[PDB]
Amino acid sequence: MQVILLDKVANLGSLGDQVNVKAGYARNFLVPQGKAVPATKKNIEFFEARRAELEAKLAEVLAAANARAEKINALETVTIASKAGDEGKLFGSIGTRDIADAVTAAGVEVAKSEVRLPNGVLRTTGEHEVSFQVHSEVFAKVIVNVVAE
Amino acid sequence: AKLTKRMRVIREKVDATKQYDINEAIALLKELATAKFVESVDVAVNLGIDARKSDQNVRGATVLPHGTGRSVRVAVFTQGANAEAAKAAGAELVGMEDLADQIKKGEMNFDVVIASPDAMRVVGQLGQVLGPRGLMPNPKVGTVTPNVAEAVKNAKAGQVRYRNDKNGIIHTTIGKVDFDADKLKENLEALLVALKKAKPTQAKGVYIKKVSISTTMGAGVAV
Amino acid sequence: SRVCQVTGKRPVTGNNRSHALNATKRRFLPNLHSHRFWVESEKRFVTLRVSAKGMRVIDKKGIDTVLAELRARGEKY
Amino acid sequence: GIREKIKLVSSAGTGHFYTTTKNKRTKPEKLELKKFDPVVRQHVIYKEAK
RNA sequence: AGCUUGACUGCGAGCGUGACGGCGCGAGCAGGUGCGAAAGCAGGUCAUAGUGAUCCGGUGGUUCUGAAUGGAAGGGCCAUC
RNA sequence: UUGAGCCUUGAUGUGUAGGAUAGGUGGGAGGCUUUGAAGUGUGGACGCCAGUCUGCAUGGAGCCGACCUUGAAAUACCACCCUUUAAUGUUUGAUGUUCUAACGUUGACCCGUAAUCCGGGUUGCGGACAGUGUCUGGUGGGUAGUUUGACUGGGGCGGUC
RNA sequence: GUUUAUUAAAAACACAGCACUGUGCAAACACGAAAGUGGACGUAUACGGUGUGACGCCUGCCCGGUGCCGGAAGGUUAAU
RNA sequence: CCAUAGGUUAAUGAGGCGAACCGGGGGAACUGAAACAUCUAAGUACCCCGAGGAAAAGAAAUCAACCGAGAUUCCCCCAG
RNA sequence: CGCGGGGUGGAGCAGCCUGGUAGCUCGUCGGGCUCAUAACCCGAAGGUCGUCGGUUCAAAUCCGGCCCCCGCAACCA
Numbered sequence: 001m002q003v004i005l006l007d008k009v010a011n012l013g014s015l016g017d018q019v020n021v022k023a024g025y026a027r028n029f030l031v032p033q034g035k036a037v038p039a040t041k042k043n044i045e046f047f048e049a050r051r052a053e054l055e056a057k058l059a060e061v062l063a064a065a066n067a068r069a070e071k072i073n074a075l076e077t078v079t080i081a082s083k084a085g086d087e088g089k090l091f092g093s094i095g096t097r098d099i100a101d102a103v104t105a106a107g108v109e110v111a112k113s114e115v116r117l118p119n120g121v122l123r124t125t126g127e128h129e130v131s132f133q134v135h136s137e138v139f140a141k142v143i144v145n146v147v148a149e
Numbered sequence: 002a003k004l005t006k007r008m009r010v011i012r013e014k015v016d017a018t019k020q021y022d023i024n025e026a027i028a029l030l031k032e033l034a035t036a037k038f039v040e041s042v043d044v045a046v047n048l049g050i051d052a053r054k055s056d057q058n059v060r061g062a063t064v065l066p067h068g069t070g071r072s073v074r075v076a077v078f079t080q081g082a083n084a085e086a087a088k089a090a091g092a093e094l095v096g097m098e099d100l101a102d103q104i105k106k107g108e109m110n111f112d113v114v115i116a117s118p119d120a121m122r123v124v125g126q127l128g129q130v131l132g133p134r135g136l137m138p139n140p141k142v143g144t145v146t147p148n149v150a151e152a153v154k155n156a157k158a159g160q161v162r163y164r165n166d167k168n169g170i171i172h173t174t175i176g177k178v179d180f181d182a183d184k185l186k187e188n189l190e191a192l193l194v195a196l197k198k199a200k201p202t203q204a205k206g207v208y209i210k211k212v213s214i215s216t217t218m219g220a221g222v223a224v
Numbered sequence: 001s002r003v004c005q006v007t008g009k010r011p012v013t014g015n016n017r018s019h020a021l022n023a024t025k026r027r028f029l030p031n032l033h034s035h036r037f038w039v040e041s042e043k044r045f046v047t048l049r050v051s052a053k054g055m056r057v058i059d060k061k062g063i064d065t066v067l068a069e070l071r072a073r074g075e076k077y
Numbered sequence: 003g004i005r006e007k008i009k010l011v012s013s014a015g016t017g018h019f020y021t022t023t024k025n026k027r028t029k030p031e032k033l034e035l036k037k038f039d040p041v042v043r044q045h046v047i048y049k050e051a052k
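Chains as they are written, first to last, in the entry's author numbering: chain BH, 1 to 149; chain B5, 2 to 224; chain BX, 1 to 77; chain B1, 3 to 52.
To be clear, the hints were calculated from the coordinates, so they are not data collected in a lab.
Beta carbons: idealized from backbone N, C-alpha and C, even for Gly.
Please note that the accuracy of each hint is not assured.
[Claimed, not checked] Simulated crosslink set (SDA-like; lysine to any residue; CA at most 25 Å straight-line):
no., chain 1, residue 1, chain 2, residue 2
1, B5, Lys167, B5, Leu193
2, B5, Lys197, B1, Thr16
3, BX, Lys43, BH, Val61
[Claimed, not checked] Residues of chain BX clear of chain BH, computed beta-carbon distances all greater than 10 Å:
no., residue
4, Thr7
5, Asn31
6, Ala52
7, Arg56
8, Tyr77
Please model the complete structure; the sequences and the hints are all you need to start from.
Shown next, in the form of structure tokens:
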């Protein structure tokens, strides 16, 4: 299936580049999410304009939605305790603010029900997927870190 | 493939998938030749009509401007002055009982044998040595007749003989690749209309399943 | 009602016909299955029953255009 | 119809056939039977039943 | 036993019959071929039984028809299954 | 992992007799081999034991028909046609495994609510199996409607239209 | 013991015991525009269902014809 | 948290009785074909539901034929 | 209403692609064997491989038709 890319899917190809993909993988994901378009040069500027009119509902929260990242998004390394030992294993956590804090030595307050764990709960000291919202469908990664014993 | 140098240099002029129009390729047919012997263009037809039943078996011969791609040496078995009439019409050897000893002993210098009905008494004793060569005359296909002068002339004028093979296929040559390609579209119709008049008596509905045309160890052409 | 919840296409009656000629009413029911969506307004995900041509309006206009007009017809999803 | 009827054409092949009660089932014999061709309104030889 | 195909084409006054459908027989005219030296004669078998009305669609010719009309599909006639 | 199918590649032919594994079929005399056979031996392999393929010592353009003989029929040099099957490439299916951006949970916990209904919320487990509907073929009294001629000095065997 | 209201009161029907074919649990089995509920809060020592008929001790032959299970070796062969 | 499930009550609207006609949704069979089965009975009968003085229908992706007619309906014909 | 196969001493079957060429089992008439009878084995006798066409030097055989058999089979008004 010959398509053109509209998203930062750098493992599949470059932005505005024309690539070959499978028709099912396109139909189930890349097409409905607004990430790729069929390679017909006279019909693509319309599909891009159709995504811009849906971007106009959250473009202001891609600009500013975190008081600590007012012009560009930041990557942060965790500073809250990893609650494990030298074996790198733990019972995990149940507290919705007991994890993912990267400014622990400061008077900065952790957000309620804004944490997202894409692969599951941290039950090891291993590196895994962890993010915090800035808006209801817009997330920033944070890097998990071994801290205290 | 794996292909021989003689043909590998001809793929330097021609595409492996395209079958070329016989009205457009008129300078290309002479240009793809490579052999140390004379290359031809031959027609391959699929049947039918029933693939087993011998009542629907097709046989005959058709006259062409170049015949089989050469002239033939014709022999005639005829007694008296009617033999001189065939000698002046297209025969290069006149035959009699003195020649029937040589043919049976093994020696024969002719492509076609014709006979007259009262001379055919002699030739009837050669049916098993002329048989495996397709050289034996037979009244039931017209190669025995009183007008032998016209029958030797029919062979000397250039004709091609055919019959269908197993499961209903038939192959015949329609020219040398060095011969005038402008006439291929004209001579092909003279072959086809004559083969279409040779339909069996108990033939029904259809007759030809597919037509194909190709060069000796070479590319196909389109119609 | 077992419907494609974005178009309101419903079960109905008529005549289906037998394998040969004769009438059969049998009751008609369109094909239907569940699918999950983001709605934005409830800031959460939902499951909704969707089918043929109705799922194709979502293909043509997107989930923000088609799903925003729901929750007005006494809709229990 | 247990009679397997035959139809022949005239010497010239023109117009329609002549349908005949002549049988082919029970005996192999000569099919020429000389009949009327209404394009010439003359009695002529008839040929080929296929 | 010789020659031979009237096991004819297109028309038909009619004659016999059953309630009718329908069944049986047909002078004779016109076309053409066949027998006979010829006058004359041939629409089979010494006669009577040997076979399904129609609706359907197929098959081969025609150019009567054919929804805007020049073609076509489909039908009608002609010739048939 | 393999069923079917299509190209590529390579070889099919010994009724039977001897010099001889005459494929079919139509041509035809100069055509083909220079890691290439000859020919007797220590070897490998298929075998219908004739033949062929490969290796080494070697010798290095032959060889063959026609000649000479065998037979209805030929036997250098060649189109065209056809077998059974694997791998290289590939079209389309099936069984199995695995991942999960589709869908299930007769899993739990939390909130509504110190509610062994249920949704939502958080997290585990299954998974394109299932499930539900749809169309075409097969099957299918489990269910619904319907049919099943007349004469016969009565029925029935026989006779009959 | 049960029984055919008002013409047979039983040799009829029923519990016992035996045999067999299904069914691993969201069982097979069942009613339903389909949830749900009954099987069962049961677990192949349980449950479904059809025979035969408490008890004591037992149960010969035929698989060509009928049905059913696996294959379709060999035939006939749909859809699309 | 943002949000949503959920909880009040202010203002308005609905609700029930209806006489036929009107439109919508469901929907037969006996019967007829002198068999019976596609077809017919018939969108009748009846069940479910809403609204006006009436209701329906409507402003051509109509209908024609090389000429034109120019939204919809009701009656007499076209035509058994 | 169709298709496949078959026609062979007295009964039932061969086959094909060795065309120059009738094979068989079973019975019958007789032996081997045997104390006979059973089990196994092999000599002898008797027929137009139907029938009309066809190719040919030549077909029961192959190629076309027919008929009687042996197994399978379908449709419009």
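Unsatisfied constraints (hint numbers, rising): none
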